[PDB]
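Engineer: Okay, here's what each chain looks like letter by letter:
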Amino acid sequence: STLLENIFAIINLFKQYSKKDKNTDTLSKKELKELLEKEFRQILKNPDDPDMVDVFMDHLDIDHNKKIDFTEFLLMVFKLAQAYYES
Amino acid sequence: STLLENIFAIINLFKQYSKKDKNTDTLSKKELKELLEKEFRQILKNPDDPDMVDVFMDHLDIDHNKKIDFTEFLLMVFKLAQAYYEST
Ligand SMILES: [Ca+2]
Ligand SMILES: [Ca+2]
Ligand SMILES: [Ca+2]
Ligand SMILES: [Ca+2]
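Line by line, the protein sequences are chains A and B.
Here the deposited numbering is used: position 55 in the first sequence is 55, and no number is missing along the way.
Here the deposited numbering is used: position 80 in the second sequence is 80, and no number is missing along the way.
Honestly, the hints are just simulated from the structure, not real lab data.
A hint or two may mislead.
With a Cα cut of at most 25 Å, we get these calculated SDA-like pairs of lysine to any residue [to be verified]:
{"id": "1", "chain 1": "A", "residue 1": "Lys67", "chain 2": "A", "residue 2": "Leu35"}
{"id": "2", "chain 1": "A", "residue 1": "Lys29", "chain 2": "A", "residue 2": "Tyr85"}
{"id": "3", "chain 1": "A", "residue 1": "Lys22", "chain 2": "B", "residue 2": "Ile11"}
{"id": "4", "chain 1": "B", "residue 1": "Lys33", "chain 2": "B", "residue 2": "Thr2"}
{"id": "5", "chain 1": "B", "residue 1": "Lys15", "chain 2": "A", "residue 2": "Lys22"}
{"id": "6", "chain 1": "B", "residue 1": "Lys20", "chain 2": "A", "residue 2": "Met76"}
{"id": "7", "chain 1": "B", "residue 1": "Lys30", "chain 2": "B", "residue 2": "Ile43"}
{"id": "8", "chain 1": "A", "residue 1": "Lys29", "chain 2": "B", "residue 2": "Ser1"}
{"id": "9", "chain 1": "B", "residue 1": "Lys30", "chain 2": "B", "residue 2": "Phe56"}
{"id": "10", "chain 1": "A", "residue 1": "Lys15", "chain 2": "A", "residue 2": "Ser1"}
{"id": "11", "chain 1": "B", "residue 1": "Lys79", "chain 2": "A", "residue 2": "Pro47"}
{"id": "12", "chain 1": "A", "residue 1": "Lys67", "chain 2": "B", "residue 2": "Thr2"}
{"id": "13", "chain 1": "A", "residue 1": "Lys19", "chain 2": "B", "residue 2": "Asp58"}
{"id": "14", "chain 1": "B", "residue 1": "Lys15", "chain 2": "A", "residue 2": "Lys29"}
{"id": "15", "chain 1": "B", "residue 1": "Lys15", "chain 2": "A", "residue 2": "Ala83"}
{"id": "16", "chain 1": "B", "residue 1": "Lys79", "chain 2": "B", "residue 2": "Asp61"}
{"id": "17", "chain 1": "B", "residue 1": "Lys79", "chain 2": "A", "residue 2": "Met76"}
{"id": "18", "chain 1": "A", "residue 1": "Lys22", "chain 2": "A", "residue 2": "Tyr84"}
{"id": "19", "chain 1": "B", "residue 1": "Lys79", "chain 2": "A", "residue 2": "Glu72"}
{"id": "20", "chain 1": "A", "residue 1": "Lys79", "chain 2": "B", "residue 2": "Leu13"}
{"id": "21", "chain 1": "A", "residue 1": "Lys38", "chain 2": "B", "residue 2": "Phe56"}
{"id": "22", "chain 1": "B", "residue 1": "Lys67", "chain 2": "A", "residue 2": "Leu4"}
{"id": "23", "chain 1": "B", "residue 1": "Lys79", "chain 2": "A", "residue 2": "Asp61"}
{"id": "24", "chain 1": "A", "residue 1": "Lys38", "chain 2": "B", "residue 2": "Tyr85"}
{"id": "25", "chain 1": "B", "residue 1": "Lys15", "chain 2": "B", "residue 2": "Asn46"}
{"id": "26", "chain 1": "A", "residue 1": "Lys79", "chain 2": "B", "residue 2": "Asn46"}
{"id": "27", "chain 1": "B", "residue 1": "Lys45", "chain 2": "A", "residue 2": "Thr2"}
{"id": "28", "chain 1": "B", "residue 1": "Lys19", "chain 2": "A", "residue 2": "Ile7"}
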């Protein structure tokens, strides 16, 4: 409804999957896959979900530490936003 | 709510304010001012002249065309998300 509510929702969404393990401020490969399978599905990755998790991990992981922090997550979120904006 | 609903909410929020004039795809100074007032509410109705729009305009208007496009707007949203991720 409000801009702030949406932002908190994005934050809580990320933490739901990131805090699944020891590394609570980042998404592991499996946690991302979990996220990619629920919150946005055939919408985005067109999931052959057992197959194309790896390519997406490498797209987002721009510092190459095998984990997806919130910033890297956000960059993807706002790319989709920027992309969907087309009417 | 899903992520995709929140993304579209942010998109439609920008649109409802950007289309109040003939420049549908950008936010004017007036349109921007109303967005900031509604979305970021200064409860203390005390104005030592509050220019939230002018200071924001300088920060957000990268190309200096005195309009805020969606990408420029998303920069604001990006910063807020990062900040409140520390608050939680
Ligand atoms: Ca994790
Ligand atoms: Ca990383
Ligand atoms: Ca406009
Ligand atoms: Ca501009």
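Engineer: CA of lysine 79 of chain B to CA of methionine 76 of chain A, is that 25 Å or under?
Structural biologist: Given pair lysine 79 of chain B, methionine 76 of chain A holds - Cα atoms ~14 Å apart, limit 25 Å.
Engineer: Would you mind confirming whether the straight-line C-alpha gap from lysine 33 of chain B to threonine 2 of chain B stays at or under 25 Å?
Structural biologist: Measuring from Cα to Cα gives roughly 29 Å; hence the hint is violated.
Engineer: Compare the distance between the alpha carbons of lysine 19 of chain A and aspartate 58 of chain B with 25 Å, and conclude whether the hinted pair is satisfied.
Structural biologist: Outside the cut-off at roughly 37 Å; violated.
Engineer: Starting from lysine 15 of chain B, check that the Cα of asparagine 46 of chain B is at most 25 Å away, please.
Structural biologist: 30 Å, violated
Engineer: CA of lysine 67 of chain A to CA of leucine 35 of chain A, is that 25 Å or under?
Structural biologist: The hint holds at about 14 Å.
Engineer: Do the alpha carbons of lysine 79 of chain B and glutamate 72 of chain A lie within 25 Å of each other, as the hint requires?
Structural biologist: 13 Å, holds
Engineer: Would you check the hint for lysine 22 of chain A and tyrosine 84 of chain A, treating anything up to 25 Å between C-alpha atoms as holding?
Structural biologist: 34 Å, violated
Engineer: Decide if the proposed pair is consistent with the structure: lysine 29 of chain A and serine 1 of chain B, CA atoms, cutoff 25 Å inclusive.
Structural biologist: 23 Å, holds
Engineer: Given the hinted pair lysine 29 of chain A and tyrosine 85 of chain A, is their Cα-Cα distance within 25 Å?
Structural biologist: 28 Å, violated
Engineer: Checking one constraint from the list: CA of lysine 38 of chain A to CA of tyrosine 85 of chain B, max 25 Å. Satisfied?
Structural biologist: Roughly 22 Å separates the two Cα atoms, so the pair holds.
Engineer: Need the status of pair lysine 79 of chain A, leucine 13 of chain B: alpha-carbon distance at most 25 Å?
Structural biologist: At roughly 17 Å apart (the allowed maximum being 25 Å), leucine 13 of chain B and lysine 79 of chain A satisfy the hint.
Engineer: Given the hinted pair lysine 38 of chain A and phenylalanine 56 of chain B, is their Cα-Cα distance within 25 Å?
Structural biologist: 36 Å, violated
Comparing the model with each earlier hint shows violations of hints 2, 3, 4, 5, 6, 11, 13, 14, 18, 21, 25, 26; every other hint is respected.
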